[PDB]
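Next comes just one chain, in structure tokens: the form solved without this ligand.
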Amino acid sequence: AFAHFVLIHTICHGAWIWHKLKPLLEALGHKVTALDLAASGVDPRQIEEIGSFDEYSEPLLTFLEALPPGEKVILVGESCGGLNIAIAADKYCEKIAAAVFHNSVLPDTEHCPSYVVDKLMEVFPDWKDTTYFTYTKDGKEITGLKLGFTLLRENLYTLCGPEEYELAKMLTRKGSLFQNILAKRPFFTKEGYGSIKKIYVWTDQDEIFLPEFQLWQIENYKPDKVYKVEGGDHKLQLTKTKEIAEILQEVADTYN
């Protein structure tokens, strides 16, 4: 079967991270939408204009709003993208056939929205040469960050080709986890986010979202299905593009 996949990049990234997977999925006959979230990729806004992970998710929410009644999509979020999925699911759960997590954070409904992010920072506290800054938006101090080139090379694009790593150095922009904002955000709901089918995809060779973290997430909030990809790195859509496409095809044939 064919599905309409909506690819969601992580913070400091953009639609460009999906430049290898998008055409491959289309070669299988699928419809693919790869969005640039707020202040990401070639979006015109700067991060200082964004005050929360919800505002950051605007392009995704706006896209879902534009879907005609009856049309459902399969969301695919990488790394921090799982948070955008949860936010979108609490507004448009009826338009989501399923959500696929790609070496992604997996929010739950029993703890605060920052729960898995707080855990991530415990497991991976040293972001190496990554730099930080602060800005104020809507009366709140937000911590922004710019991914360090060494962190990118060693922990995120560990086994990616030099031409892919180059794109990361050229295109990654300043962003934010909005951690303190997430901590005070209302909990994700059981009726919305909690109701959607969730497929968790990961590799134990991820050098930032370490096994301890990902296995912890799986036990914390049981996914409907788990796929473990052998080898690769954090950016499986680059190092294991084919394997990811095969998995997404199976998801398309399973949930509609």
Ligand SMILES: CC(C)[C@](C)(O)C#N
Given for the second form:
There are 2 protein chains.
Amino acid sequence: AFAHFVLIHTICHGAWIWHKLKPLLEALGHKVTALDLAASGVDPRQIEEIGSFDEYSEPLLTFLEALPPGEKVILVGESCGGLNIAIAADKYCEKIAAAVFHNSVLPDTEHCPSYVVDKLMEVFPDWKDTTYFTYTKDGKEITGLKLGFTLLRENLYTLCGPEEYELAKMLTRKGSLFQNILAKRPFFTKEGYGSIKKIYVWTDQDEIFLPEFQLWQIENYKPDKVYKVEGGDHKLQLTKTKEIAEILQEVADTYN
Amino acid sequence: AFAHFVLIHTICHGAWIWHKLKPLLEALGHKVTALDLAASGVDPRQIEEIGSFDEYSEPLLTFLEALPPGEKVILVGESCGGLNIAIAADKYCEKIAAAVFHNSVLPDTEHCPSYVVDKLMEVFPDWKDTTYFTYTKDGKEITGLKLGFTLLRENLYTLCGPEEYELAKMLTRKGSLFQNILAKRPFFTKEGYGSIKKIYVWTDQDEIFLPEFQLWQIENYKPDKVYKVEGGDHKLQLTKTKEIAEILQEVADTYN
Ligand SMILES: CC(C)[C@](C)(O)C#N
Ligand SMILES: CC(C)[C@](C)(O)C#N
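What would you give as the form deposited with this ligand bound, now that the form solved without this ligand is on the page?
Next comes the full complex, and the chain you just saw is listed first.
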């Protein structure tokens, strides 16, 4: 079967991270939409203009709003993209056939929205050469960050070639986890986000979202299905593109 | 010998086009700077804020200005980048060891700055699915454009793989040739731009900067050296990356 996949990049990244996976999925006959979230990729906004993870998710929400009645999509989020999925699901659950998490945070409905992010910071506290700054938006102090090049090289693009790593150094932008904003955000709902089918994809060779963290997430909020990809790194859509496409095809053949 | 190469992308593109060549040059021991020109790549400005090719060249001029006395660089410009080179050379000729043109326009000093662009439009009048728009800046009506995806696929990235082509569809932005502005711009000088060493690199398999045009440019303004790369396409830094690096190494060993 064919599906319409909506690929969602992580913070400090953009649609470009999916440049290898998108054409492969299309070669299988699928429709693919790779969005640039707010102040990401070539989006015209700067991070200082964004005050929450919800605002950051605007392009995704706007896209879903534009889907004609009856049309459903399979959301695929990497790393922090799981949060955009949760936000989107609480507004357009009926338009989501399923959500695939790609070495991604997996929010739940029993704890605050920042719950898994707080846990992530405990498991991976040292972001190496990453730099930080603060800005104010809507009366709140937000911590912005720019991923360090060493962190990118050693923990995120561990096995990616020099040409993919180069794209990251050239294209990654300042962003934010909006951690303190998520902490005060209303909980994700059981009726919306809680109702969608969730497929968790990961590799135990991820050098940032460590096994301890991902296995902790799986136990915390049981996914409907779990796929473990052998080898690769945090950026499976670059290092195990074929494997990811195969998994997504099976998801398309399972949920609609 | 080692040199400091400053790679200059063409309109509607960004530093990202050099993601394959940059690491290869560094692997040879060179220092490489790949800039995003105004309203290009991840630059925060939008094209409607730019009123001339000179303004568009701001990041390059600012970079050269920051070079300490005595430090020289080898400029490498692709496609329309030759115009940024001419503009830069008339302000910082002493900081330029040489300029390499990569399937690029080659301005001269005998005719108006838009001369070769006007000729290009005669040789390649049909830009296929490219779209156009107009905006006003500093009292002048400027024609903006967004490269069509079919034009990108068939004429610019003719032999590039689907993954490189995908990056182009995701990252190319609205831009402008500022043709009418160039037409009224003071001529490039013989003392500045005219004095720099110019190396012309091209392939007769370029599907947009056709042989008729490139050979016309070579006859119009004699380069100091000409390198013809066999095969490849308009984006030699992607399809003949190794060959381009070899040529640049020889240039580094020839001019300083
Ligand atoms: C490093 C991690 C938090 C990110 C930016 O989401 C990725 N990849
Ligand atoms: C199509 C051509 C004018 C451009 C944008 O410079 C390239 N490549």
